[PDB]
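Enquirer: The residues making up each chain are set out below.
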Amino acid sequence: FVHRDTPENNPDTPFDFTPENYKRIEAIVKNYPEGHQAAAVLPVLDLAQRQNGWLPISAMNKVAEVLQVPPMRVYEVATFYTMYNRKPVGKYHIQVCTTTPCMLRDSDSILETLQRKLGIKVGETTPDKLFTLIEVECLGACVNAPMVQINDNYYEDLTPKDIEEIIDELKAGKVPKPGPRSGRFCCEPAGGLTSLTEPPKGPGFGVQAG
Amino acid sequence: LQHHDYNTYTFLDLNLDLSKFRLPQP
Amino acid sequence: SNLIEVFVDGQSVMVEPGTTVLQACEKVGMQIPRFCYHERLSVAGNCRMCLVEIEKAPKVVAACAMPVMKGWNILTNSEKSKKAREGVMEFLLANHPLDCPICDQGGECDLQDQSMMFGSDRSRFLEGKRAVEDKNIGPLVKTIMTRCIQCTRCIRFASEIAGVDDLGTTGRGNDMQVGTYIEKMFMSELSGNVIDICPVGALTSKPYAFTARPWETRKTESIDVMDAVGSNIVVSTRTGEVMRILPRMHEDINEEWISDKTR
Amino acid sequence: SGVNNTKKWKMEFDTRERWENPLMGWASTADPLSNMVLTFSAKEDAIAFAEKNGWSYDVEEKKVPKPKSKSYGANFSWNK
Amino acid sequence: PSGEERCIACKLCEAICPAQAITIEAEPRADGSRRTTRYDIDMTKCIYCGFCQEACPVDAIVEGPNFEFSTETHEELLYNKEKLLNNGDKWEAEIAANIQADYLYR
Amino acid sequence: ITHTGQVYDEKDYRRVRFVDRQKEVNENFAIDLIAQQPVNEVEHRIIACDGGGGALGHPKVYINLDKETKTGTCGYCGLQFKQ
Amino acid sequence: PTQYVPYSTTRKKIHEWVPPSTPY
Amino acid sequence: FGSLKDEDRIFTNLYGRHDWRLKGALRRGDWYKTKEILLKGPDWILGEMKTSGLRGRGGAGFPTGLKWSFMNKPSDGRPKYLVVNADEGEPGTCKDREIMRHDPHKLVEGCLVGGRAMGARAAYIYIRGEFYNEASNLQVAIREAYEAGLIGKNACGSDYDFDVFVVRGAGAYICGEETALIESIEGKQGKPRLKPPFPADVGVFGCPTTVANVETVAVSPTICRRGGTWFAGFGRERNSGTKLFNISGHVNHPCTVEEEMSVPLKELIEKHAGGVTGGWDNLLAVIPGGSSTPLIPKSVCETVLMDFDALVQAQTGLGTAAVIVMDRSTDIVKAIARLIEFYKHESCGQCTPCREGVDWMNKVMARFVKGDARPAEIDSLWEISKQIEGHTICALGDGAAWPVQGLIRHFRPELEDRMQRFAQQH
Ligand SMILES: Cc1cc2nc3c(=O)[nH]c(=O)nc-3n(C[C@H](O)[C@H](O)[C@H](O)COP(=O)(O)O)c2cc1C
Ligand code: SF4
Ligand code: SF4
Ligand code: SF4
Ligand code: SF4
Ligand code: FES
Ligand code: FES
Ligand SMILES: [Zn+2]
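Chains as they are written, first to last, in the authors' numbering: chain E, 38 to 247; chain s, 35 to 60; chain G, 29 to 291; chain Q, 89 to 168; chain I, 107 to 212; chain R, 31 to 113; chain q, 98 to 99, 123 to 144; chain F, 32 to 457.
Among the hints, erroneous ones may be present.
[Said to hold, decoys possible] Just a few of them, taken from the derived set where beta-carbon distance is under 8 Å, the chain R residues facing chain I: (1) 55; (2) 56; (3) 60; (4) 61; (5) 67; (6) 69; (7) 77; (8) 81; (9) 88.
[Said to hold, decoys possible] Subject to a maximum C-alpha distance of 27 Å in a straight line, what follows is the list of computed DSSO-like cross-link-like pairs (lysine-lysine): (10) 151/Q to 55/G; (11) 133/q to 234/G; (12) 55/G to 154/Q; (13) 156/Q to 95/Q; (14) 87/G to 417/F.
Just so you know, these hints were derived from the structure itself, not from any lab.
Idealized CB from N, CA, C, for every residue including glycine.
The whole structure should be built from the sequences, with the hints applied where relevant.
Expert: If you want it as structure tokens, here you go:
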């Protein structure tokens, strides 16, 4: 965790919120309590990440500036969270869930397939700087275990082949039907809806007295 | 399929839209 | 009024409400082994090397932190509060680099002593150790920070006693390194105090790097003449030439701190 | 941060010449009472030793850390 | 072996010497490493206890096999770093063999 | 002359001693010997340094050869390690 | 298997001001 | 005995099946008695939960009513607050992802129903940043509700004022912790605060604050609508109410069903969800509450009933009630090993025990999977395990120790053999 100034990643890379971005910046502040802006560093740091994935040392200094906080304060927030990237991020940035639930349901299986398809090691960007693969931890959505979040797409319940299909979709064209590519809606017993197969009771159903 | 498609600023911009509704600050 | 009575091993000391469990032991005279707690620095609870056992309580409490309540007898030398120290010292030492004959805080270590009095006779960490990357914090403080026990007293002093607010924690897990994210020197007066306040010898003084070793230093108590605050100081002399000047506490004038100039 | 060496009073004789030795450069001292520091449990007893032995004394009052109020909740106060 | 003197001036060989024989003062060598500017064993003061052999962490100071070092003048018996380092170079082969034989025991 | 260049001087009142008797100084000064030591290349981010021989070497220390910018130097052997 | 002279090796501890050789 | 009726099932919109949006919510009739409830009084709302005897729906189990009762004390001039943690970093907690995504409204009225119970000025919902799409769904829902005037000043045509906000998480499991959610909300690093100053007295932006699992906030309106008793009956003794159960891994149809609590463990895989993949005898072990809780071997599984205390008697925790199942086809030594890898990549490092201890167990666990380590080391890991269990500032160190303790407690012979296997091939 040390930023050794590099021509690419260093403040020479000027950063400033787009007129549109700055707008976004302010409203957030009001979301938080008055007299409190520091609390918005994360949400803001996130929009710097939205602006640019790299988020260089220059970008964090601006965040601290806009949020008038000790610069270190922003540096500490960026380092602690994995969501922020302090290094350039691939356009697609796929992340594969490899906690025990997904592994038990084959998460590892998927990995090998994706490494070959991207033809690259796990943890770095493709030469085409097209995709970046990382072994991220539990991303939620375990019921659907095989899983690979791509810029929030959160594809789910994927069999090795499915991803290759998805990756191709990403490689040529866009928006490859993000979501569980399975036949189960959101999370649903693959068998059906044992929980509630009847119609839902309407408003004020059996509302207790009092 | 609203879930199926949203922009990177959906959360933030939607929120800004909600700012007007947001009750006065402390 | 405002005088609870808490027992430290049944000594019925009486303390103002709001005194920490560690503070209650102090007035009886007992010392909770402590790291990351300095009297004039905010309580942080990072080390938890001070776990004690209030009587009739399921878990041990953080001395520096729990405000002592009414009639809770502290058991500072129980069979539990010693396994709560014999097992913490196991951890601080596990990732520690054993270069005690490099660490010029050799006899000035609050971590060998507490190991050597309250810790364990042997190690079980058959696994490998970690290493951090020495950086430059300036020309006065040598930060061989692979020594750091992440006790966050620097980050406090550098924010609370001095208003530098530069030093900070970076990252999570076992590679949380408490060093400036970008390499910006810690330039401020009051800077050298970090040396005196880091109980580990991670960051120590660069001029007094390896000129001496504390048992030898004869210590004469004298007065600061560089500035007009007249801060109290102790001049450590070996075989007749001064080797270091470090602060000695005067409540009213310099309360444990001295300027970068006068040391 | 240990305070077990700030408990007993000590009386120490005034420091004297420590000239360098020409042959080996070792420190050399002509004062016999230099390394002697006697430890006395209470201020009254130490003063007595100086009076009967005839050495001049200048007692310094013990200065103990003042009680300091601390509470983890207090710094969490955004107000201050 | 490389040729870097073993002592790193921790100075506990000085601390445990019973007779006050070893005098060590040190300063960071330009390399940045830690080395002893002056290491003086006063052999007339030394009572050859062998604790220094014991205490050294890098085992830089060792009790060498030679017992025949009787000297015409008292000054010769006082030894600085250069004599001891020279003594070390002369007897290193046997010292290494001796430490080799007894280290399992220690 | 010597390691830390002790030079009882032309005007010192101690250089008198060597008259008719030589001074003890060292060839193969150590100051330059490790500088003469090749940089131990390694694969791992961190490496150990028993000093060579375990019990016969030095306290075992793990050095972070993490930045090619700097070859870690075990504080005990002065051996530079080239990532 | 098939006269020394002792001296201090440390430097001058207290360096001494040298007077200005420029007369005034 | 489970088998709750669909009608009783609080989260009908689960699985969607009904417009998650307001018009679907109106057919759900989620906003039916909201004005009345708030009108009744804050004291009436807490009477309802005290009668319900609901336990925390998050990993920790505590009476929900007593926790809310704590900051019902008179305001000291600081605005009281509500914090809803939609973060669920624990493996197998897709439990919450449903309410947030499928039935956002239930949680919105849960927030104001809960808000007047604690007299909170406003509520902040910390949905994990990972779920960006999920966030898109709730503020659309929150926006609908205010447009309606259901929330905001004079919310639901009543004297009371409430504002609901959504906060972005940033991929941290620890952010989930009660004192650490706050600090992330405060904008400092997500490092748990210490216990003495309870979050009631100190808190978000230093004002009184309370934290609830999203399920806990969401079940509030209904518990008041259906009355504590209705809800109280389903549960068992202290245990009570239906809690969503997620079954993931080695089961024929992994799914989250809100079937009743106190369910025989053998029954929920066999009757709902999907029977254990490979047969109920192909069950090397069950993780009832998620990674933090100790796994229980098949020996007791059938006998076990899914309740907070039941598992306790069993030495395991109901927790998030995430059932992770491991067939006889899995290297548990490696399964639990990745959970310790799950915790070394995630603990904040603020406290000495957890920082070095969790890393220490990770190193030993990796050697254990290889079998390189000798048999005697196993006990040390246990000993290392309890050093970390009682000494940590937060509960995650509590959580890291339990899976290690479970592996040694029931699968000690298998680890010894892996010990033996490597020693034989030399
Ligand atoms: C390391 C750690 C992670 C946690 N993560 C979560 C989480 O993701 N979601 C959650 O609701 N509670 C989590 N908790 C528990 C919360 O701190 C808090 O006790 C709980 O959310 C309160 O909900 P309840 O009181 O309504 O059950 C976590 C606790 C710890 C120690
Ligand atoms: S700090 Fe320096 S001295 Fe104290 S233990 Fe670690 S190394 Fe040995
Ligand atoms: S540097 Fe010294 S003070 Fe700062 S954290 Fe590491 S140890 Fe504690
Ligand atoms: S001799 Fe051994 S002990 Fe004495 S200083 Fe040199 S190294 Fe430390
Ligand atoms: S246990 Fe100590 S380290 Fe692990 S998370 Fe809680 S506080 Fe941070
Ligand atoms: S572990 Fe992969 S989403 Fe829960
Ligand atoms: S000394 Fe007890 S918390 Fe650091
Ligand atoms: Zn070495």
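Enquirer: Against this structure, judge whether each hint is valid.
Expert: Okay, the hints, checked on the actual structure:
1. With a least beta-carbon distance of about 6 Å to chain I, the hint placing residue 55/R at the interface is held under the 8 Å criterion.
2. At a threshold of 8 Å, the smallest CB-CB gap from residue 56/R to chain I is about 6 Å, leaving the interface hint in force.
3. Hint status for residue 60/R relative to chain I: holds, with the closest Cβ pair at about 5 Å, below 8 Å.
4. Annotation: interface hint on residue 61/R holds; nearest CB of chain I at approximately 7 Å, less than 8 Å.
5. With a least beta-carbon distance of about 5 Å to chain I, the hint placing residue 67/R at the interface is held under the 8 Å criterion.
6. Here the hint on residue 69/R is broken, as its CB sits about 12 Å from the closest CB of chain I, past 8 Å.
7. Checking residue 77/R against chain I by beta carbon gives a least distance of about 16 Å; that is not within 8 Å, so the hint is violated.
8. A distance limit of 8 Å between C-beta atoms decides the matter here; for residue 81/R the minimum to chain I is near 7 Å, and the interface restraint holds.
9. Among the interface hints, the one on residue 88/R holds; its C-beta lies about 5 Å from the nearest C-beta in chain I, closer than the 8 Å criterion.
10. Distance check on the hinted pair: residue 151/Q and residue 55/G sit about 15 Å apart at the alpha-carbon level, within 27 Å; holds.
11. A C-alpha spacing of about 18 Å is found between residue 133/q and residue 234/G, which places the hinted pair at or below 27 Å, so the restraint holds.
12. For the given pair, residue 55/G sits about 12 Å from residue 154/Q by alpha-carbon distance, which is consistent with the 27 Å threshold.
13. With a CA separation close to 20 Å, the supplied pair residue 156/Q and residue 95/Q stays within the 27 Å bound.
14. Distance restraint check for residue 87/G and residue 417/F: the Cα-Cα separation of roughly 12 Å lies within the 27 Å cut-off, and the hinted pair is therefore satisfied.
Taken one by one, the earlier hints fail for this structure at numbers 6 and 7, listed in ascending order.
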